[PDB]
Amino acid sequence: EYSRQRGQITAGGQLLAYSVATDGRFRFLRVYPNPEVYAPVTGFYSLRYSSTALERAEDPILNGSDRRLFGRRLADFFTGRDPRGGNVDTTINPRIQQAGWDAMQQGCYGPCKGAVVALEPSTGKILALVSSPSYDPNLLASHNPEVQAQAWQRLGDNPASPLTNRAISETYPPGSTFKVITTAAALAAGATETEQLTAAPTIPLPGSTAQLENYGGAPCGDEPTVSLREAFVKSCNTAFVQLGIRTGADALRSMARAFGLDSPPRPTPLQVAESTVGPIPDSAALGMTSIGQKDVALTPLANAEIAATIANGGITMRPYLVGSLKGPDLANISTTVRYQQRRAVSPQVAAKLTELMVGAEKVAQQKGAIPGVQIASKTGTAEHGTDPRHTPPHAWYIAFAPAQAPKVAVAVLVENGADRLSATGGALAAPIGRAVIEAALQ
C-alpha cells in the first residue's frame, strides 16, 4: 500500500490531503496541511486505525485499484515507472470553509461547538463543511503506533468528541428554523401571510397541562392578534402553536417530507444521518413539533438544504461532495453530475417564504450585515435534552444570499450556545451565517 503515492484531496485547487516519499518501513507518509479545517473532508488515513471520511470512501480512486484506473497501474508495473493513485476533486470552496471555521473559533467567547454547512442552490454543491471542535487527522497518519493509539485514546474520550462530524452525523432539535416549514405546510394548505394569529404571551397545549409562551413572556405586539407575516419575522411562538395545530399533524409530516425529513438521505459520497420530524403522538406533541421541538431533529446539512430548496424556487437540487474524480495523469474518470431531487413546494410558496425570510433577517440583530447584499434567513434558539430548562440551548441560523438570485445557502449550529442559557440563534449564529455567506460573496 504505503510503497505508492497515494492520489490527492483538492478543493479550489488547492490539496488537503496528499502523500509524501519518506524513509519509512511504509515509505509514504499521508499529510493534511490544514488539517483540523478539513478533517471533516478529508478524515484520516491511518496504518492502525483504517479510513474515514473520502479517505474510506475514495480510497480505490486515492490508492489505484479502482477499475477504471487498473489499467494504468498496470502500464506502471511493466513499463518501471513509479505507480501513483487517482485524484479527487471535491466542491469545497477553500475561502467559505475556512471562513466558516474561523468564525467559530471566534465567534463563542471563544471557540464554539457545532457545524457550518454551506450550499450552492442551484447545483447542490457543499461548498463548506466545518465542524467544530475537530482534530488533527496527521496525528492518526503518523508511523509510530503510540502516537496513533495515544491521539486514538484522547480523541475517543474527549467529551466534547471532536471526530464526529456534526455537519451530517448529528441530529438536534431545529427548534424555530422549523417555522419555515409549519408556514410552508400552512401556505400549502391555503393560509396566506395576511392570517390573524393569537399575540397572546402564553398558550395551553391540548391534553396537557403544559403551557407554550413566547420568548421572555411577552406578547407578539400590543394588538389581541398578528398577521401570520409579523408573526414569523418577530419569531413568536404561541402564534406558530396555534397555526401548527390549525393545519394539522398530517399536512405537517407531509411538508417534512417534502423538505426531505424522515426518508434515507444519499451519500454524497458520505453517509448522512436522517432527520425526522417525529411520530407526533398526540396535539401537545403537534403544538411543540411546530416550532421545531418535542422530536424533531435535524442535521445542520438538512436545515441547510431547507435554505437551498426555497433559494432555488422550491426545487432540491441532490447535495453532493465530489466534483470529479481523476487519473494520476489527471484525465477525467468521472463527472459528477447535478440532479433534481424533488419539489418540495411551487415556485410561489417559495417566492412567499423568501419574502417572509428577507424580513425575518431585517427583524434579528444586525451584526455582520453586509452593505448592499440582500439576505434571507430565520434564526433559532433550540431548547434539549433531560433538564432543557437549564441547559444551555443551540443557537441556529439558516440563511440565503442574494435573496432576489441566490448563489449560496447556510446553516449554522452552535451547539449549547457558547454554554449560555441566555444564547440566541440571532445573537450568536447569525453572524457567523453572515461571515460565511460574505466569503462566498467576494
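Under this definition, the rigid core comprises the largest set of C-alpha atoms superposing within 1.5 Å between the forms. Numbering follows the first chain given and starts at 1. Compared with the form deposited in another entry:
- Relative to the superposed core, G433 shifts its CA atom by less than 2 Å between the two forms.
- For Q14, a C-alpha deviation below 2 angstroms is recorded between the two forms after rigid-core alignment.
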Contents of the next structure:
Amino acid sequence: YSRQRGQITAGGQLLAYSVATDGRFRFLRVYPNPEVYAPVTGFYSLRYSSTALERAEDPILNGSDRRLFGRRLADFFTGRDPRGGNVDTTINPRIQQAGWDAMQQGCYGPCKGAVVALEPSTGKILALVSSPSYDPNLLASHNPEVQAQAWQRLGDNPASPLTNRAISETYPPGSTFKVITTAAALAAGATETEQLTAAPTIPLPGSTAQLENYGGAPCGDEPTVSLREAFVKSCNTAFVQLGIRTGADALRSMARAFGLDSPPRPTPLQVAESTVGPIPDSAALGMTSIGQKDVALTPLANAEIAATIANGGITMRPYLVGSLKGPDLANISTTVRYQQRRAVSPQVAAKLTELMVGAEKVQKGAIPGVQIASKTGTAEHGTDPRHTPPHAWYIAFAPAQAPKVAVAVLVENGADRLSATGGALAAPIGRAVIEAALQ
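Right, and the form deposited in another entry of this protein, after the form deposited in one PDB entry?
What comes next is one chain alone, with no partners or other molecules.
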C-alpha cells in the first residue's frame, strides 16, 4: 500500500485505480463505477484482502510479477516511483452499463440475477453483470470500522450482493435447457418435422407426478405438433416425451459436449461447475429434459451454450483478460483465443439457430434490421417450486446469420404468468444488451 498499484481497465476506461493519499497506507484504491463493475474488479481491502481480478491479477497489479521485476528493480535503483502493471479486460463498458441499467429498471424496480455477454468467435467476456451489487469503495476504506461494518452489512444481507451471480451461482435453466434436449435429439437423428405430443399434461413414468405445459394449454389444436413447432412454442410435454425418447445417456453426453459436468477453466476468475445431474430414473429424465430436477447452470454457462451455437458448434474458451501490461504500458502478455471443444456439428448448430430464430419471433426491444436467435423460459426452484415465483431466463445471439454477441439473462423470481413462455421480463433486458453490443 506503499507503492502505486496498477489499473484494471475496460474499453480504455478505468475500472479500478489507486491514488496517492496522506494515509499511513499511502495508496487508496478507487472504483469509479463501483456497483456496476464489482463482479469484474472485486475489492482490494486492508483487512479483507482481495477478490475477483484484484485477487487473480494481484502480482501484476502490485508489481511483484516475475515478468515485471526488471522494472521495479530499475525503479529502486534510479529513484523513480514504482508502479504496478495494468490489466486490460475484455469488458465493453457500453455493454456492461446497458446490462446493469436494464437489470436496475427491468423488474418494475431493480432485478436480482445476472447478465453475461460473450463474443462467440473469440470467447471474449463483454459483460459480466450481477444484481444486486455492492460498492468496493467501502472495503477499500482505510478505516478499520468502515470496512468491518460494510463487511457485516453485506454478509448479513439476505440478497447476498457480494455474490457474483454470473459465475459463482448455479440455477435451474428450465425451458432454456430444451436447447440441449433438442441438440441431443437432432444428433441422435431426430428431425424438426417429426411429430410429438401436443397434450396439455403428460404422466412421468414410474411416478405419480405429471408435468404440464405452461398455462395448462395444449401445444396446438392438433393431436401432435412438429418438433420445430414444439420448440418455438416451448411446449413442455413434447420435450418430456422427446427427452425420454432420446435417453439419459444421450442427454448427459450432449450436456457434457456443451460444457456441463466439466470443471470450468479459469477466466482467470473461477466459474462454478454446471451439471445435468445424475438422472437416477426416467421421472428425473422427464424433468431434466425441460431443465428441472438436478440441472444447474451458471448464467455464463447458459451464455456459452448460445455462443457455441452462434459460432457454428465450436465453443471458444471464455476469457476476461485481453492483455497484461507494465507500468509504462509495454506488453507483458496478450490472451490468444482457443477453440475449447466442438459441441455439435455445423449442421446441428444451423438447425438450432433456425429454431431459435423461430422462437425469438414468437417482441419488446426488438432491433430494426437485426435478426435475433433466442430462447426464453422460466425455471422452478427451491424446496417449494410449485408456489415460489420461477426464474426468468433469456439466452440469445445476434445477428443470427453472422453473430457478434451472445447473451444470457437470468432474472431471479422474474417469471411471468401471462406471456407465451412466462420468461418475458428477461427478454427486453437481453435485447438492450444486444443493441448496446451492435451499436
